[PDB]
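Participant: Spelled out, the chains give:
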Amino acid sequence: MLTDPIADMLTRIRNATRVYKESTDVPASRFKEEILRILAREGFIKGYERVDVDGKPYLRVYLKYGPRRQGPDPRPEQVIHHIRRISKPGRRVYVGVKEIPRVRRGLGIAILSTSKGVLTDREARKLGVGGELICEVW
Amino acid sequence: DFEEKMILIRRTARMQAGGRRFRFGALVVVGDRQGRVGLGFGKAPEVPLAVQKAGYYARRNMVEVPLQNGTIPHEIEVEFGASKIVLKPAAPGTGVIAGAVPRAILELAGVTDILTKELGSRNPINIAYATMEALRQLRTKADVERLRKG
Amino acid sequence: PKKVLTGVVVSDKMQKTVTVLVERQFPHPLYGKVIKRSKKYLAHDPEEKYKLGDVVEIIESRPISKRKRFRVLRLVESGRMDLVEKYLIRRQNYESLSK
Amino acid sequence: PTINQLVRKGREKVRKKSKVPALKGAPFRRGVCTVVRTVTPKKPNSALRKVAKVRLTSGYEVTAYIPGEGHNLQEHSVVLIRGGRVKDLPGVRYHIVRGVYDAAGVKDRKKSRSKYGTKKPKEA
Amino acid sequence: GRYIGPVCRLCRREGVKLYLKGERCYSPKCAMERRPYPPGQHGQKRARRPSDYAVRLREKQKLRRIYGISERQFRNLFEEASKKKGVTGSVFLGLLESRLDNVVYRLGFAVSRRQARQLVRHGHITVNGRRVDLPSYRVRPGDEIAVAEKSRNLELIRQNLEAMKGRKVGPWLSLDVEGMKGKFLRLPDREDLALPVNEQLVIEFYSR
RNA sequence: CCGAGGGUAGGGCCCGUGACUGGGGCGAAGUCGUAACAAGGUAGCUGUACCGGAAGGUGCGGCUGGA
RNA sequence: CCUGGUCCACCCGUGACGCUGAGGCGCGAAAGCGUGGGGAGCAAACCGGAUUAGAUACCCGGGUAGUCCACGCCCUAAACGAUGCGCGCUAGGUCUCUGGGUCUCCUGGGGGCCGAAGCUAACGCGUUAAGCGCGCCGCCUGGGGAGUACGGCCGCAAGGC
RNA sequence: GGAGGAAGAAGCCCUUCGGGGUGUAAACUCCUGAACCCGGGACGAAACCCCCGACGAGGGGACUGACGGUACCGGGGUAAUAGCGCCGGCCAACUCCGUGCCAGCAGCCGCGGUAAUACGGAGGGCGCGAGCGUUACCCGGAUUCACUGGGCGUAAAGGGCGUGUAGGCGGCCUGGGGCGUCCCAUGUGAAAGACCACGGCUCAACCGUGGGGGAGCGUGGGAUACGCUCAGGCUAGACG
RNA sequence: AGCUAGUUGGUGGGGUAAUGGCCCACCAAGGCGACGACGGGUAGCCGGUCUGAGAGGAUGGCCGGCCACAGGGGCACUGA
Ligand SMILES: [Mg+2]
Ligand SMILES: [Mg+2]
Ligand SMILES: [Mg+2]
Ligand SMILES: [Mg+2]
Ligand SMILES: [Mg+2]
Ligand SMILES: [Mg+2]
Ligand SMILES: [Mg+2]
Ligand SMILES: [Mg+2]
Ligand SMILES: [Mg+2]
Ligand SMILES: [Mg+2]
Ligand SMILES: [Mg+2]
Ligand SMILES: [Mg+2]
Ligand SMILES: [Mg+2]
Ligand SMILES: [Mg+2]
Ligand SMILES: [Mg+2]
Ligand SMILES: [Mg+2]
Ligand SMILES: [Mg+2]
Ligand SMILES: [Mg+2]
Ligand SMILES: [Mg+2]
Ligand SMILES: [Mg+2]
Ligand SMILES: [Mg+2]
Ligand SMILES: [Mg+2]
Ligand SMILES: [Mg+2]
Ligand SMILES: [Mg+2]
Ligand SMILES: [Mg+2]
Ligand SMILES: [Mg+2]
Ligand SMILES: [Mg+2]
Ligand SMILES: [Mg+2]
Ligand SMILES: [Mg+2]
Ligand SMILES: [Mg+2]
Ligand SMILES: [Mg+2]
Ligand SMILES: [Mg+2]
Ligand SMILES: [Mg+2]
Ligand SMILES: [Mg+2]
Ligand SMILES: [Mg+2]
Ligand SMILES: [Mg+2]
Ligand SMILES: [Mg+2]
Ligand SMILES: [Mg+2]
Ligand SMILES: [Mg+2]
Ligand SMILES: [Mg+2]
Ligand SMILES: [Mg+2]
Ligand SMILES: [Zn+2]
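Chains as they are written, first to last, in the entry's author numbering: chain AH, 1 to 138; chain AE, 5 to 154; chain AQ, 2 to 100; chain AL, 5 to 128; chain AD, 2 to 209.
The hints are simulated quantities; they were obtained by calculation from the structure and are not laboratory data.
Among the hints, erroneous ones may be present.
Label pairs and their calculated CB-CB ranges [what the hints assert, rightly or not]:
#1 AH:68 with AE:56: 35 to 41 Å
#2 AH:21 with AE:70: 36 to 42 Å
#3 AQ:48 with AH:96: 41 to 47 Å
#4 AD:40 with AL:15: 34 to 40 Å
#5 AE:10 with AD:142: 44 to 50 Å
Note that beta-carbon positions come from the ideal geometry of N, C-alpha and C, so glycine has one too.
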């Protein structure tokens, strides 16, 4: 019955990439989209589009991996190395603007809901706000 | 030719009717000090020989440590089986704080300012192995957004 | 500011007085997660106007009797016995905790 | 344990046992010798260790170790007690401080003497 | 404090040489020039490869032993820097150098450091007017470290001020050799200092 | 009137101690057997029951961590 | 005869009515206990016969509770997958049980074996996860002392928690 | 105490009887003068009080020091206390002799049974210094109570199995509230300590001045993504 | 692991600088507890202090703020 759909989505992705799949349809949702948007607007994906599997609306989300490789295990590197939910359904995590994390020393991002749209670390810190830390991606 | 410092050497042994035969082990690091290092493990019927083989594989397998100010790009954690290692970058003028294993490996790799913590299994061997894969997985703002092209 | 609180009347069996059950929330000092916790306040009701099951606002009033330092401010919503049912059950479950 | 579980049960603080009830969190304790005997080592050792049961001030009583070589401790000798065990004589868990009360220092000893309470001798 | 006893003996041990002596350590007889081996019955023996500790220690020890300072103060000083902002490497020395008994060595006024001290101590030295006898006294930027009027007339301040005439001196100092009185221009920069010691290692020995 | 406490009486908890008694821990090289580890020389372990100087045995069902 | 769960098909009805679950309650192998039946075979105990240094055993001939039924207790276990339950996601190969279809094929539930990726200290796991995640419950914190002691609750007891 | 001082005294310790070591250390030589001797000697003390003005605003005058003849300044001036810990490994420092599971060491692993760097003395060495060691206790290392930051197939660890009470957790969209949550302003958060700068005592310790911060909590305003709550709709969970 | 008789509330009084079951009469039968009541153990509390990368853990001596006490215990008097 999916306790937390978001943490699901993230995992849907996390599992996809692990074997380098084209796209993956996580059931649709305005908030998921909002999140997804920032994966594309920030470039962890080609992007996403609305779809349907019998009146039932998922989201086609096209991954994005690195260049093939020399040596053994020629499998490419990944754009999304590590994605994991922060605030959880059983331990909501909130932060003032000063507390906001600095993911992977500037190299990564920390998506996070707020009273004025789903920002990110830089995005909120600059916008001058805080809110529910949603997850960390890099 | 690079630096080549010797981490640890041990005498192991096996059994056989009459007594116990032997063997020695050599875990060795290597690095000019420009961002290049290689770990190599060498087993052989004698101390010196083993230490030799050390450097040989050492040079064989080496890695591009993307320095910066003499420290490191980002903070990372890696588990190698039961042994886990934390590498966190420090400001110029701090020191290379670590155990003999991770420090040795870290010196010849260049670094001068790095914070390190040795969690999990502290098996010398395995810590080494761990330290490498850490570096191996180091990124710079460059090769970062180099993957977020499109 | 004379503190105020909002809670249900969970007992109306006193002369001119009601037990108002009152809930509050907060983040846990080390394990984060918001946690629920409540108290009970004994509330002056000089017109016995307030009946059982009513959600109400209370206010930090002058000491009326021992154990009794709050007056019933004003009604918030009549008919809410569903919350009362939660109280009374929690209480009834106690019988099954002794020897 | 789920977060919730910690909000309920919560983690339990360790707390350790005082390896030495020398009493009121005391540096040392004074006492008198009830017995002065000579016990024998454990697992793979062998010898005759000089030990004394002491009647402490705290109505107590414990077997204590006598450091060094030779001594002067009899059935009524006073003494001060230090407290470290002896991985060898099950029983003894305190040491006698040499050079206080009826406890002579170590005779003719010249090396480390803080331990063993011998005065610094003149060279002449 | 300040050790006191056999010195061309750590001049030994440390390997690297030092001039806790001044003149004679220039002789072809520093005992160092003669016995390039550390003291004691052994010295001349197949020396075992030091432990990573052994190194870090020896280094710091070496350095410490140079300014002939107490492990306490050396430590207090180390921390003094550690606390202060910036690269502790340099700063530990910046203050190591501000010591009046060191400034009155480097500013030539004396031959050995262990003589400079005794000088400052006996008050023979001075500062911006008022005399001083505080070896530890940390010299800041812009300070007149003269000699004492009573002390200009000393054979030894003389023979020390002797060869000093014209002899070039630190790029963070100055020496009006005529009027026997130098100034402290600034806080050194790593390079300005030349000493046989990897500052890092010390930093590391106090992170043990 | 209440009231420090004192007295009488009966309960509750905790500490110390007690002929004697139960097992338990440790102790370089004691007496008795051989139970287990190799098919351990009757596969082992197991809950329960009964029995025996002791390990243990046997019954009943069970597990393979046995064949 | 009475009755539980469960799978499939049709997309019909309700409209989130869900997941979990401290305590509570119910069930819970064998042995064991109570009252009353029953009793062929088997068989703790027990008796012999052998073996043996001895043989309170193994093997042999006997043999009583018990093993069976009714009602009531007892509540343990290598109560084992030594793997809590629910949901989503992450290659397939093979044979097997049982449903449904314009049935050399396809799909749904279930029981197995080899195995991607991944996990793993290793052995091994692997869409029946020990992978990747979320929820909620239970549990561990060096060995022996000891599942002992005390207290408590339960039980006829044995004993259990 | 500082500078010089042997291819390097004697004594003592090793020794492959050539030698090696303490060691520039000592002696010795000059210069410096802790101490002590003589002199001079405070800040801390300007008010209360008096005169004029008005007993006021303002002006002037005078008394008072426990420490104390102490600090501090000047002159003379003697080479003038060193001790403790360790040197098997962690962990730095090694050789002789004595000893012989004895005497003893001991935080752990362990050492001692006739050639002991592990006991005991010695020589030497490492370490610190008016201290060095020891015992006791607190935190650390211990990521070994694990929020940060751990685990349960066999290492300790899944409840013998269900049912379900409280509780924890909650699918898709729309709207209202704005409780959590987020931002701004304001009050508060004493001083001392702490941290950053600057000066006072010859430095420092101490000590003065200034600045900058502090979660929390009260108050006023604002935001509405996620959580909550009320209201409306849906069918992918669940039920029939 | 259950607690409670001034116990919870009420009316009227007494009392105080003033609220109040603080106290006294009469009335009703309530009040509290697994969010841990009651009971036992231990402890003065804080600004701070020690330690720690930090989150924490330990701690409350000197100094400052508050409380408590003055051989053990009770009492009231004078009085802002
Ligand atoms: Mg692991
Ligand atoms: Mg022995
Ligand atoms: Mg009485
Ligand atoms: Mg057997
Ligand atoms: Mg056997
Ligand atoms: Mg057998
Ligand atoms: Mg049996
Ligand atoms: Mg039998
Ligand atoms: Mg409908
Ligand atoms: Mg259930
Ligand atoms: Mg049963
Ligand atoms: Mg049965
Ligand atoms: Mg029966
Ligand atoms: Mg038979
Ligand atoms: Mg028969
Ligand atoms: Mg089974
Ligand atoms: Mg369960
Ligand atoms: Mg199947
Ligand atoms: Mg398989
Ligand atoms: Mg499959
Ligand atoms: Mg124990
Ligand atoms: Mg047990
Ligand atoms: Mg039992
Ligand atoms: Mg009992
Ligand atoms: Mg060593
Ligand atoms: Mg000793
Ligand atoms: Mg010795
Ligand atoms: Mg450490
Ligand atoms: Mg901790
Ligand atoms: Mg955790
Ligand atoms: Mg663990
Ligand atoms: Mg186990
Ligand atoms: Mg199970
Ligand atoms: Mg179990
Ligand atoms: Mg529920
Ligand atoms: Mg709000
Ligand atoms: Mg303050
Ligand atoms: Mg009362
Ligand atoms: Mg007390
Ligand atoms: Mg820590
Ligand atoms: Mg009194
Ligand atoms: Zn020299």
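Participant: Are the hints correct? Go through all of them and say.
Facilitator: For each hint, the structure was consulted:
no. : hint                          : in the structure
1   : AH:68 with AE:56: 35 to 41 Å  : holds (36 Å)
2   : AH:21 with AE:70: 36 to 42 Å  : violated (30 Å)
3   : AQ:48 with AH:96: 41 to 47 Å  : holds (46 Å)
4   : AD:40 with AL:15: 34 to 40 Å  : violated (56 Å)
5   : AE:10 with AD:142: 44 to 50 Å : holds (47 Å)
Going down the numbered hints, you'll see the structure goes against 2 and 4, while the others check out.
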